[PDB]
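Colleague: In case you want the letters, here they are:
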Amino acid sequence: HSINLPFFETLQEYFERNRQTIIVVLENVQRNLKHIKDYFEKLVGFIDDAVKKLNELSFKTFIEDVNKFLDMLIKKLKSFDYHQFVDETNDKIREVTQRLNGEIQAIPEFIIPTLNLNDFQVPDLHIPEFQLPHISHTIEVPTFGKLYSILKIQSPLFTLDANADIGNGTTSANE
Amino acid sequence: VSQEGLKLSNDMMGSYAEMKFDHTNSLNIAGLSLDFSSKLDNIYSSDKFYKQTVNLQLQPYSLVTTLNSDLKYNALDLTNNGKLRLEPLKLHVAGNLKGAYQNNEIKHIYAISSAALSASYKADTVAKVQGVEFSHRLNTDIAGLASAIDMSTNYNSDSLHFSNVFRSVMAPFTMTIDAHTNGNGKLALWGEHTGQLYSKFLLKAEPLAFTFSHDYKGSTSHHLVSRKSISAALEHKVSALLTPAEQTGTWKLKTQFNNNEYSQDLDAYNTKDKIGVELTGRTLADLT
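Quick mapping for you: the protein sequence lines, in order, are chains U and S.
Counted the way the authors' numbering counts, the first sequence spans residues 2067 to 2101, 2386 to 2456, 2718 to 2786.
Counted the way the authors' numbering counts, the second sequence spans residues 1731 to 2018.
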């Protein structure tokens, strides 16, 4: 169940108004700027990038994109492999050494071992992946349906079977 | 003393009856290098004596140190040897220590080296006393950063043999535990006591998700005097899958004493849809 409030609506409206006004101001700035040529083109490109990103931005979409990137990062981290990362680190160290040497000829070397540890052990368990339901300007609530108690006692001396159940009235929201 | 450098040599010889003391120290100075050697031997009797030998060599960008000493007391003996090589950023420490008295001897191995700014260490200790061996090994390549641990502890005896093996890694993000233990217990005081040990523990962890499981079986049978056949058979196994979206666990506990047994079945559930637990307490008991 999604919970939305008039405050959310006013927030989105004011956000849109402010974004529109700032886009107008940015367009004014860009036009004044347009009002060495490589540098001028670079400045125009910077202001254009600012305007484009400002137009793209929206609070709900912004939080959605942030959540998307966070989920991607979690998936990357959970699948992270130390052998692959160690090889990548060796690649980067070699790149740095090759660079610094290239500026020298155009200093002692730095080295990192090609370490591996999966050879000695490999996990046998299964780890479920991370799951985060998407995030928007609205609030989410899984409504409570029912609560029920099931009890059974078996013994020739005495027998009990007690049930206690209580739940929500979900017929309508107003009631 | 000369433009070449200082030279110092001294010898002090003293002896009478069983005692002979031969001491010499050779100290030479040459350029940017030092040479020294102190070879000292103190003989109190053929099987009762002390030997010390220290030899140090200093040269530009390298150190060499040798230490060899020997001690003997007829029925007892002790020997030790330690190598030390050091140069800029490279360390190599190795040697041996050995103490023995008749058959009962202890062997130790130590070797520490540092290369590529990563420190490696290996130690081996084995004791063999009165026909009982103890084999505990600390394995190689404990780096010190993003490190790993391996071990092998083994005790062997007629009444009991114990074997323990462990492996774990402390890499930046992911964690793992592989613990496996086995123990057989045999003891006869007031009847046979068969102490059996089955203990396995495994743990794996990673960002935003954790899981584990304990697997233990405990069984012990006691054939005590007075025809008492007592069997203690405890069996518990644990597990739980943990991560923010879904959470649950399980615990199987089986315990029994002779003809009386209890077993409980537990399953913990915590997920978006529901939370709940279920319990089944079943008992078997004797006596009126």
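Simulated from the structure, these hints should not be mistaken for laboratory data.
Be aware that one or more of the hints could be misleading.
As the list claims (entries may be wrong) - Derived pair list, reagent style EDC-like, types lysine to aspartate or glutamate, alpha-carbon separation capped at 20 Å:
#1 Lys1967(S) - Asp2776(U)
#2 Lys2004(S) - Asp2735(U)
#3 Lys1934(S) - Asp2776(U)
#4 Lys1934(S) - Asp2398(U)
#5 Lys2426(U) - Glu1936(S)
#6 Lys2403(U) - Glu1922(S)
#7 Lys2002(S) - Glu2740(U)
#8 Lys2428(U) - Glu1936(S)
#9 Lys2410(U) - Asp1995(S)
#10 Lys1930(S) - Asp2776(U)
#11 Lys2763(U) - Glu1936(S)
#12 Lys2757(U) - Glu2008(S)
#13 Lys2004(S) - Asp2730(U)
Colleague: Straight-line Cα separation of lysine 2403(U) and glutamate 1922(S) no greater than 20 Å?
Modeller: At roughly 81 Å apart (the allowed maximum being 20 Å), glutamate 1922(S) and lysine 2403(U) break the hint.
Colleague: Check the hint pairing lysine 2004(S) with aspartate 2730(U) against an upper bound of 20 Å on the C-alpha distance.
Modeller: Distance of about 41 Å is beyond 20 Å: violated.
Colleague: Run the distance test for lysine 2428(U) versus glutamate 1936(S): straight-line Cα separation, threshold 20 Å.
Modeller: holds, 6 Å
Colleague: Does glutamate 1936(S) lie within 20 Å of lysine 2763(U) when you go C-alpha to C-alpha?
Modeller: Distance ~40 Å between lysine 2763(U) and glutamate 1936(S) Cα, so the pair is violated.
Colleague: Checking one constraint from the list: CA of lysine 1934(S) to CA of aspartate 2398(U), max 20 Å. Satisfied?
Modeller: Since the Cα atoms of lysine 1934(S) and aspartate 2398(U) sit roughly 49 Å apart, the hinted pair is violated (cutoff 20 Å).
Colleague: Please work out if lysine 1967(S) and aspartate 2776(U) have their alpha carbons no farther apart than 20 Å.
Modeller: violated, 32 Å
Colleague: Is it true that the CA of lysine 1930(S) sits at most 20 Å from the CA of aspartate 2776(U)?
Modeller: Given pair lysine 1930(S), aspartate 2776(U) is violated - Cα atoms ~41 Å apart, limit 20 Å.
Colleague: Is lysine 2757(U) within 20 Å of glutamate 2008(S), Cα to Cα?
Modeller: holds, 17 Å
Colleague: Can the restraint linking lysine 2004(S) and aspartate 2735(U) be considered satisfied, given a maximum Cα separation of 20 Å?
Modeller: Answer violated: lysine 2004(S) to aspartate 2735(U) is near 28 Å, above 20 Å.
Colleague: Measure nothing beyond the straight line between the CA atoms of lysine 1934(S) and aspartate 2776(U); if it is 20 Å or shorter, mark the hint as holding.
Modeller: violated, 39 Å
Colleague: With the threshold set at 20 Å, check whether the alpha-carbon distance from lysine 2002(S) to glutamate 2740(U) stays at or below it.
Modeller: Since the Cα atoms of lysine 2002(S) and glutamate 2740(U) sit roughly 15 Å apart, the hinted pair holds (cutoff 20 Å).
Colleague: Between the alpha carbons of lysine 2410(U) and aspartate 1995(S), is the straight-line distance 20 Å or under?
Modeller: It is violated: about 46 Å lies between the C-alpha atoms, which goes past 20 Å.
The structure does not agree with the numbered hints 1, 2, 3, 4, 6, 9, 10, 11, 13 stated previously, though it agrees with the rest.
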